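4 protein chains.
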Amino acid sequence: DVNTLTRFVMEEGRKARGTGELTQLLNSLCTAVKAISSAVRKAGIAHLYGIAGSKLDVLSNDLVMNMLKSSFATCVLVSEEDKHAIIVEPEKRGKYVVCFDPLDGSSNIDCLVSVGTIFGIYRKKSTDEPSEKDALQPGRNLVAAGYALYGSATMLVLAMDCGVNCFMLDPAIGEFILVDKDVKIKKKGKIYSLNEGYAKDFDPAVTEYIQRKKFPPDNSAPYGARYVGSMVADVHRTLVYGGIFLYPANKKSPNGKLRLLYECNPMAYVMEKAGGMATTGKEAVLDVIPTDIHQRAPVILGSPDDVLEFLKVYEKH
Amino acid sequence: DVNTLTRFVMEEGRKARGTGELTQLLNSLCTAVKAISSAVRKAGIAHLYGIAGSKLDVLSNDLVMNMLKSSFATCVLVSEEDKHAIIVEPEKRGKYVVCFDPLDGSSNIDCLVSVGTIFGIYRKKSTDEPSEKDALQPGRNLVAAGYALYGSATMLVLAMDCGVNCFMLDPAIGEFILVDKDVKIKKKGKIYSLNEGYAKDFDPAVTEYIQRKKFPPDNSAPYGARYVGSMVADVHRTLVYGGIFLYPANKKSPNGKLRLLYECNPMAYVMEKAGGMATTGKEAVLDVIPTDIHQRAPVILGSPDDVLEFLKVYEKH
Amino acid sequence: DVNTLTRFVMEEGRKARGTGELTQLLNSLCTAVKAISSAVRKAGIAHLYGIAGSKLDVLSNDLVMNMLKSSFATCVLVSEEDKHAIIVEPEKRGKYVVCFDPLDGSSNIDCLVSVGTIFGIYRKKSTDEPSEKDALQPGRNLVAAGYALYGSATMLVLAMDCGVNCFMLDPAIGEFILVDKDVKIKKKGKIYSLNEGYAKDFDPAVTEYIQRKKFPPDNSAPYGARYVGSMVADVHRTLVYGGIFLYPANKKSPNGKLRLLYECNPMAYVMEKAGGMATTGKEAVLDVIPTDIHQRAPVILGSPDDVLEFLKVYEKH
Amino acid sequence: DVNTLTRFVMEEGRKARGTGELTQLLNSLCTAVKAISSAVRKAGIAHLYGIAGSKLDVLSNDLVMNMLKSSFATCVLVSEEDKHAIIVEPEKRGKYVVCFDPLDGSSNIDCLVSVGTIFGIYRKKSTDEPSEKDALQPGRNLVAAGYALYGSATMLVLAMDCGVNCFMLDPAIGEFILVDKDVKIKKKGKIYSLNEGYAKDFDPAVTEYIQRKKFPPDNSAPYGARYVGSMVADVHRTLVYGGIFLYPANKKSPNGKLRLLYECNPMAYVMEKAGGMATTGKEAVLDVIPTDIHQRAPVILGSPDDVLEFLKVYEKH
Ligand SMILES: O=S(=O)(Nc1nc2cc(Cl)ccc2o1)c1cc(Cl)ccc1Cl
Ligand SMILES: O=S(=O)(Nc1nc2cc(Cl)ccc2o1)c1cc(Cl)ccc1Cl
Ligand SMILES: O=S(=O)(Nc1nc2cc(Cl)ccc2o1)c1cc(Cl)ccc1Cl
Ligand SMILES: O=S(=O)(Nc1nc2cc(Cl)ccc2o1)c1cc(Cl)ccc1Cl
Ligand SMILES: [Mg+2]
Ligand SMILES: [Mg+2]
Ligand SMILES: [Mg+2]
Ligand SMILES: [Mg+2]
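Residue numbers (this note's numbering), protein chains in the order written: chain A, 1 to 317; chain B, 1 to 317; chain C, 1 to 317; chain D, 1 to 317.
So that you can see chain A by itself, here it is in the shape it has in the complex:
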């Protein structure tokens, strides 16, 4: 029997006999996504080209930014687009701290590559004045996380303590329909995703692992390669078809390139909630403890076996 992101969220909140604050927060994020999805698909692009006569990275941030301040459920907001955390006005304060990537893979949107919105929701901890500090919780403290993928179609994957659920956006009625209830990732996959152009800077562990995929030692079948470049898209494929996604440290930043707060953590959390794993090589991504908000991190995630089979090789070095 049919269900929607809204109906579904207020049923969970109303069942956990909660406040409703998280629900308001999520609903507001949902509206923002729909507005972003509309912009990403080139809503009224004909007008920009003078159909009547006479920056997407920004609009997205504003949508999420504005929609979240407006929910009265947020107090501190961190965004890949803002150098500093944003402190919600006093009258608009809520108990939640949100970290998000308004639009990811944006730079590559000229070639219409799948882009997406990532987000993480923590409950404010210290009773001090809400500040950037409140955002430095480890992914292990997430209350809910997820992302919206603007691909061939627009889907929103939401992971909460109760598991991971996928909602398809029906553009004809502007509603998110639940199409994959309590999702779980394959134990082992047949695909490895990473940028092999930096093959030159791969630390030994990584180079050895990739080698075992192209040329399986047990003379089995090789894995298939796939890398869209837009994380949301890659991680999502990893979640659907199973496999492993990698964006390790190298010659550049030995802490990876991806941002921990609003890129690695939400995805790790989703993965782990779906039965997968997310390690930085040394430790679990959700355990890492934030120092800076734009702090980076190495990430290897996906199907258990694959991530484990990685760590296996990681120790060997």
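Keep in mind that the hints were calculated from the coordinates and are not lab data. No false leads were slipped in.
A pair counts as met if it fits within one copy or between any two copies, since identical chains are not told apart.
In silico DSS-like cross-links for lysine-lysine, where the CA-CA straight-line distance does not exceed 25 Å:
hint: 1; residue 1: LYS181; residue 2: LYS92
hint: 2; residue 1: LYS55; residue 2: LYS181
hint: 3; residue 1: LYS15; residue 2: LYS181
hint: 4; residue 1: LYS55; residue 2: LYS83
hint: 5; residue 1: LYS124; residue 2: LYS92
hint: 6; residue 1: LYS190; residue 2: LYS214
hint: 7; residue 1: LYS316; residue 2: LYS200
hint: 8; residue 1: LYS95; residue 2: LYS15
hint: 9; residue 1: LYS251; residue 2: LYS190
hint: 10; residue 1: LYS188; residue 2: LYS214
hint: 11; residue 1: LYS190; residue 2: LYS252
hint: 12; residue 1: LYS252; residue 2: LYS83
hint: 13; residue 1: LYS214; residue 2: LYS251
hint: 14; residue 1: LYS124; residue 2: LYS15
Since chain A is already given, all that's left is putting chains B, C and D with the ligands on it; use the hints.
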């Protein structure tokens, strides 16, 4: 000053003081794409999930199939989805033969990866009865070709003798707006796209080439890796950012995996019209001569220098 | 600062520290409206006309019907489209009884005239088994009522104890935006709306009133005539521009033609909540007490002064 | 077998082995309508209400204005929104003169009443320099005329020498689908449409006619009254259900209130092409000869019998 795919096509046809048959054909293809784009984005998916109470590969084929027969400009139609060429009914016959892939990368649409529609338009040659034979012309005989990419947004790239033009689909008014006039590809790019999982079966030439990209000999900067798996998406990125896309022969079919008639040829033609190259390793893709309609072919295409730099290595072996 | 029907409803519910049952109910009705609005505008009509190869009164009923049973907030449902009240399955029962007109003015939808959805929500009273009886409450017992107008644009007018609010449907992002907060109707208007073809059967009171509008006795300016035929549209214009709408008893049914439960009551309630009036000639519409569910009623509603100025004449006879 | 406004227009043009200038003109008008329809339904209204942070009469005019100049098929353009005719730039000149009402019933768009776009297309006559004079042709000189109705759904009625055809706008794929081929109006209808608030100023003929409808002399059934106020909507209902629409001269302008060039003429032409009639009381609307471009005219149109039955009474006075 604003222009659309329709306004633009009937201005070319009306300027070449032509019949208008090609125009009707293109317009019909345009409608089909809009209908496919709507389906790909999950138009009324809420209804499938019982919002009121109680296969995309197919729908696409039917849209294109029906829309083209209905144009009265086609006589013989070849589609990746039909084992045999389709012979248009006598009353609905036109002078054009069309080859198309209704939906490409379809199998990977579960993970919402960019998919697309590819197409090639030839003028019927022999005055015999229209038959599958009429479809066996070499890509060099194309009258027009192109593809529709259903990615973050829906774009339609159209290449004709007059060059290559890109139109963005404004979903708000269902019109294709011309946003990139007479496109031309970069001489050299900084990205190589291919499935490195079949690294095990790469003939020497390919392995050596990829090696020169990961580890540039002139100790320059390496290329970046990118492979979406969905041709339309990859080829399009190659056209926008420049670079090289490869899907060579191996242990499997030594004639590649891609279909020549409705995948390689249209793309080669677009590439060549934009100033790029499309070789099968031995010869230019547009020169190859069709034997079977579902005949396969190896493809290496993109920026000139890159394709040439490839062939350089190809001869070496 | 921006607000939506959802954000707005769950803020009222969450502020009245309520259950959330009413909220789920309203949200479900909201989804149904968006689905209906999509169908009314001819969503995928191209498919019905064989774009790929090979009743609205009903679809609307099913949407509302299904969406409401699915909310778990309804127990007894009455609809202009169902001869008998519908008793929600035990597992899906809620404390609310809903009366609605899935689509009004439907018969006149061939000429694309504004149509709309009307609805009334009562709280079940007797602790007996939910039955048709539970639906026989007087409009005075309404918990919330309203209607959705599918005109030049789709708007949803919601009236609750806290007043009447209007939400515009942004089709680009499928969200209902609050554009007219706590609405109130003009004291006196300059427009009278009714079907003057039945001038032959007007009881004296009505004929005299209309006369005083066409030929104002105080030799002032006449009122303007307007009658769309589709109630939702007429009543809405009455609410926006002010004035009076009439659909009195005559030679036919001396109880009017409009249905009391799901047409007159919701509108009366909205009117009265916006500062207007709704009388049957003898008494207030919200006071009338239901005998049959499809029971009819005479209605005169709109701006106070105008309705009063009517009753003035009504007594005179 | 499926057909669209575009496919249909370029089949007529291509069949009449014409230039294609009229086709380009119509196509451009079609794009403008789709853009207007999108705006009328409140496309991105959420943005106006600060969803991200921080006049329709005009936008419509600009759309049509710009889209027509851009077609290279117009030379002189008259619009209800421009005090003077507009002379297309030399490089953009075409052989056609167009008269249009970008948006009609606009003032009443606050109550979401059906609005519409009306248009008339004449072929420039004098070989002088294109000037306002070229627009003063009688409706009898029309090459094509029609209107777009933005009601419960968006339809475009197109009347040319070959008859009248109706196209429904499928918003899901932004295409106009032909749903009523070569339309013809009922000989006699059962509905009269006019503003009876001006009952006080009706010349005798009109008052007597209306009387014969409310109280049929042959003691038959009365006609039903209907008046939306927005011409496009009323005239369209008249065309679909049959009947008569009236907007006669009175105490105010004895030449009516409707504009002759871009309101009366297009509708008269459509009516007459559908088998109806359009008189000003004294003569046929299409015969009247323009003096001023914003010149007004009395109009009575619709089913033959009804219009005739009117004129019958008209002579009697
Ligand atoms: O803190 S909540 O927002 N509590 C809550 N949401 C409600 C929605 C309705 Cl309609 C009624 C009552 C609610 O309480 C919440 C939200 C979710 Cl996703 C899951 C658990 C909880 Cl605890
Ligand atoms: O064979 S055509 O279709 N000739 C043609 N198209 C017309 C469109 C109009 Cl509106 C009027 C006259 C036309 O002639 C054609 C179409 C294109 Cl894309 C480019 C060159 C030609 Cl040759
Ligand atoms: O009975 S309710 O549905 N109570 C309620 N709705 C909630 C929504 C959230 Cl997100 C959280 C708590 C809620 O409690 C309700 C709904 C409305 Cl329109 C107005 C007053 C009330 Cl009383
Ligand atoms: O003057 S036209 O525009 N001639 C014309 N239109 C064409 C479209 C195509 Cl695709 C090809 C040739 C054409 O010639 C024209 C347009 C219509 Cl609605 C009806 C008759 C005519 Cl005469
Ligand atoms: Mg990012
Ligand atoms: Mg394919
Ligand atoms: Mg009704
Ligand atoms: Mg007007």
